[PDB]
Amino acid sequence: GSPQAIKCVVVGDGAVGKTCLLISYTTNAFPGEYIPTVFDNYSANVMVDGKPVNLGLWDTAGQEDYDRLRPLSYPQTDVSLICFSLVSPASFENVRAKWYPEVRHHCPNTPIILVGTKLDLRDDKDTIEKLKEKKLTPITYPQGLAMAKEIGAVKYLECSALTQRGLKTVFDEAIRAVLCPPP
């Protein structure tokens, strides 16, 4: 047959690491240094569970200024990654306050993966200490999983675009959430 075409849209607050996640996955290199994007397209031709897939990846802008344009990326979405940074509690709460409602509205009845980004920073002695000074604490795995279940996500996954810990898994699971498994 042909590789199954699967459209995956990536959303979440500005600076949670959406573009880095995509560039790290598709090229194996982490981009130079930060810079907001305005809807870039990426792709991956891969095997998952013995099936070839053409994964089309749609990056989106997290900033509020791009709210009116973001919806143009949603038609025909097969799976959505809702991203939050593990070291930004606000970005976590925005999963329920903003991103889930937006995705559910524009992409009803398609799978969602919840992605906790910047896993390397949850492990950063410094970063922790620094969050502490601000009365913040990183989001834990159980906390993340609970958000996932609240929003009906098929999976909760944690990763670092920088170290690539758990990176491949995010995309294999986004594809698995779409494919029809064996009998």
Contents of the next structure:
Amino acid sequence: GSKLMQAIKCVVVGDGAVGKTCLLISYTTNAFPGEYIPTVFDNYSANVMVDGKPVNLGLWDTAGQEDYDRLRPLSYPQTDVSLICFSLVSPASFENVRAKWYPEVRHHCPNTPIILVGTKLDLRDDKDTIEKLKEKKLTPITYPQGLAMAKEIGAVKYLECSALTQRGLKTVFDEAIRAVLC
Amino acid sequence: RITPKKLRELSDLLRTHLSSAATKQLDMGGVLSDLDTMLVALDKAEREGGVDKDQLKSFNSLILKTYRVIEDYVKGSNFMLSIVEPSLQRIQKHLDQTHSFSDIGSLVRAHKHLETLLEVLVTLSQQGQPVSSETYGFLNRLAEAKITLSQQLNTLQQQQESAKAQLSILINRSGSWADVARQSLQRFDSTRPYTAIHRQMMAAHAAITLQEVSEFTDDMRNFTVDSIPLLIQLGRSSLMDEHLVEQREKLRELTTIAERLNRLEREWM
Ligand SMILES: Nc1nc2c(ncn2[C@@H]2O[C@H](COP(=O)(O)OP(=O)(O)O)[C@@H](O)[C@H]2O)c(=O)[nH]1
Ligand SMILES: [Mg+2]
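Please supply the corresponding structure for the form deposited with the partner chain bound (the preceding block corresponds to the form solved without the partner chain).
Shown next: the complete complex, the earlier chain at its head.
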């Protein structure tokens, strides 16, 4: 016979090259891609156990660019939760959380929970990356900094993760799910 | 093979869509699927003649005129994705290929086709309920194809402009000695009858000719160094900008002059 289960829609946004597309791949295939990385991940829906009852998790990747700006809006309808991603080693991606992504989502999805995701957690303690940024008066975003951004945009949870090491990765999606079951 | 008869079979087909358009009946899956056919037909025809350049142009026109009309008609369940996807997959096989300047028009047409499926499919979306994930997934695949393709097409036209440019530097420079050299060579060719002594005589004739153009010996070495590769790149195809094959053939004539004179000594002395 059949039984019902929860089906949840999830939409990921954020500046180009913050790691959106890799996050999704690494999570759903347990493999960070070598070369070739589509702009937007093939639309794709995952069954995840949570507290003993399975849940269907529809992952909608996005981009922005120029074709991609007419496209992104079409993902928003009926969204249950949305992740706003930015790169921990790109303060400009951080600024667009307040400036761009937060307002865009609240426009299209009033009342839907938002998680803020700081990405590329592995690169924060990488001296190559840190030196490059020192070389132009920049430094990584810290936790209390991201946590405060999350507080200010009314995000339900702030989470750091690294698609490459998978370090925070599974937590991000568990919390995304959890935020929808209240 | 694409014959003329086939081509007008295909043209009467488009005209049919153009009328259904005129009277608000256009089968949009019909016309998009059929257009894909036109593109492969026109592609095949372009690269084995059999069809005269008169029709090829009017067929191209008629295609574009259909695209036109589709764009104007859009302002006023996965059904489309189902019909239109084959076209994207075929066009996707062009991207992984290697391109020459004869391919320009083919790619301009493919681009217009993706441009058009995109505008049509986003329009049906922006109004027709939320979009399915299959269609969203297609849409993005379309946008990635269109931008990769724009990037190659721009590389190709950018490269061609610089061949046009190189061509006319070399044509302009040649002509310091085009004149002297052509005429020298004409005199040399017109006079030439074996034995020891015949060999000395032909040697002498060549030495005279080399002298006549001795002010350019150097220039003509350097010219063929510059111009032979350009000619290999531009190749011998009938299918490119008309002015460009003109300039191209002008450069081949110039190059055969220099190359004769650059060879003359090791050939006859
Ligand atoms: N070092 C590192 N690089 C990453 C990580 N995630 C993504 N990247 C790199 O960031 C670039 C952008 O990745 P992508 O996921 O396509 O960016 P997107 O436009 O936001 O989806 C690529 O070169 C990735 O390899 C990560 O966790 N660690
Ligand atoms: Mg991407």
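Residue numbers count along the first chain shown, from 1. We call the rigid core the largest set of C-alpha positions that still match within 1.5 Å between the two forms.
For the residue set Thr140, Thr27, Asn45, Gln63, core-aligned C-alpha shifts between the two forms reach 2 angstroms or more at a single site, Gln63. Core-superposed comparison between the two forms: the Cα of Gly152 travels less than 2 Å. Core superposition places the Cα of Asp126 1.3 Å apart between the two forms.
Superposed on the core, the two forms differ at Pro36, whose C-alpha moves 5.0 Å between the two forms.
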